[PDB]
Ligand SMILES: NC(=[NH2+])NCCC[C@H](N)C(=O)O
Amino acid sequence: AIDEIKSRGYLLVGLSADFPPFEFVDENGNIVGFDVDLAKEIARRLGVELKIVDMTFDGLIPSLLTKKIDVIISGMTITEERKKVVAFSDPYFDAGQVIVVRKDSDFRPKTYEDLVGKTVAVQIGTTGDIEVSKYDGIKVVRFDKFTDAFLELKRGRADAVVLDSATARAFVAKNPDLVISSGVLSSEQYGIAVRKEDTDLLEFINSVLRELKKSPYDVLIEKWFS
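The form solved without the named molecule, please: structure of the chain above, on its own.
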């Protein structure tokens, strides 16, 4: 696959641009997002242009098998059923919701059932909003911005926040007064998919993911512990 991509001069990436912030159409009409940036990095490393081929999500695996695309990068969860059909890269994104509480409390909810009888702050319209709104005995307070749901928690006016894992860990890393009490709920891991026989491109992609995840701290460890 790699020689054919390099000869053609562009990488064909299938996605369905109706999944912000992974892939979506911005105010300028461009397809952008977290997954699009990984696709752009892979194409740059291969020395080729990126050609996005947008289609419905259910079209992506058939397109890959028909060779109309080289790779799928589209918020695609690695599952056993998909593994029978396509090869995935190492997981590149851990999806799901978590429950955040004050570190100095005793309260350690593990599930939405543990939040019955409590006040929970969520960001309007998000998965956490939709989930907690199923539970009539949760007192739900809704915020335009997730930062203000955390501020409500910090002030003791909510008992917990529910938010996606990536965003919540990023925030809690900056706010040592909060802690993630649950595991990741409805967890999924996303993978980059490529035809089973195209193991050259698969291992190239696993190499780019490794690189993206290496920090100067990792390089320092390599310097002194090799």
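Only residues modelled in both forms are compared. Between two forms, the rigid core is the largest collection of C-alphas that superpose within 1.5 Å. Numbering follows the first chain given and starts at 1. Compared with the form solved in complex with the named molecule:
- Rigid-part assignment between the two forms: residue 94 and residue 7 are grouped in the same part by superposition fit.
- Rotation of the smaller rigid segment with respect to the larger between the two forms, from C-alpha superposition: 80°.
- Shifted stretches between the two forms, defined as 3+ consecutive common residues each with a CA displacement of 2 angstroms or more after rigid core fitting, are limited to 96 to 186.
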Given for the second form:
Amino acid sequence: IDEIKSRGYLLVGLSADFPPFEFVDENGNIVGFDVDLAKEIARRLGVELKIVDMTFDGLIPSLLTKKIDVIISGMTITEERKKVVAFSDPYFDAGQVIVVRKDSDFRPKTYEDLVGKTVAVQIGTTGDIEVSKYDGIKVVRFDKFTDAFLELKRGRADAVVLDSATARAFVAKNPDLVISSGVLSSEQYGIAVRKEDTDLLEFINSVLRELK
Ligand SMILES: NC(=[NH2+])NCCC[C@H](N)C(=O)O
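Same protein, different state: after the form solved without the named molecule, show the form solved in complex with the named molecule.
Let's see the whole complex now, leading with the same chain.
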């Protein structure tokens, strides 16, 4: 709080490849739900918003080393992450789905249908964590969902595992892709802050409570 207020700018870490929460528009702005949340936290602090964009798997370590104040980046509240960092009250529900090529005959519905397929994930996500739990799935890991889909679209992967909302976002803009599966997990995004910064966390929950 008072390091942020001193410096006049709240540093947000995210990965701008995840509509409709964080993505790059036609003008090269990071826009969408998570950015608006950030704007409304910064606005309430009287500081300005500095968006730091980086790969997803860079967020926790960035935050643990003070390069950022918060992670607002469609980040699922996991017990495993809850061990190193602290989370806000939940701000959105989502779950893993499987996106395939609408061409293909292949319509997986469960993770077991992906066994002996090549599956594209974003390193360090809950999709990555979860497909990695089934043997036989040949998991190929990408820094960016952009390149995970590119590769599906080429033919070099049989599917992409990611959150429901973003899947819908990516599918709306690639009519050669379809979501084959229903929702395969039950996740809730939170806003990640260091465990010491409890007066920041409480502020975020006050703002979060005030928006809803
Ligand atoms: N680039 C992103 N914003 N990815 C969101 C990650 C998806 C999921 N909520 C997770 O925490 O692993």
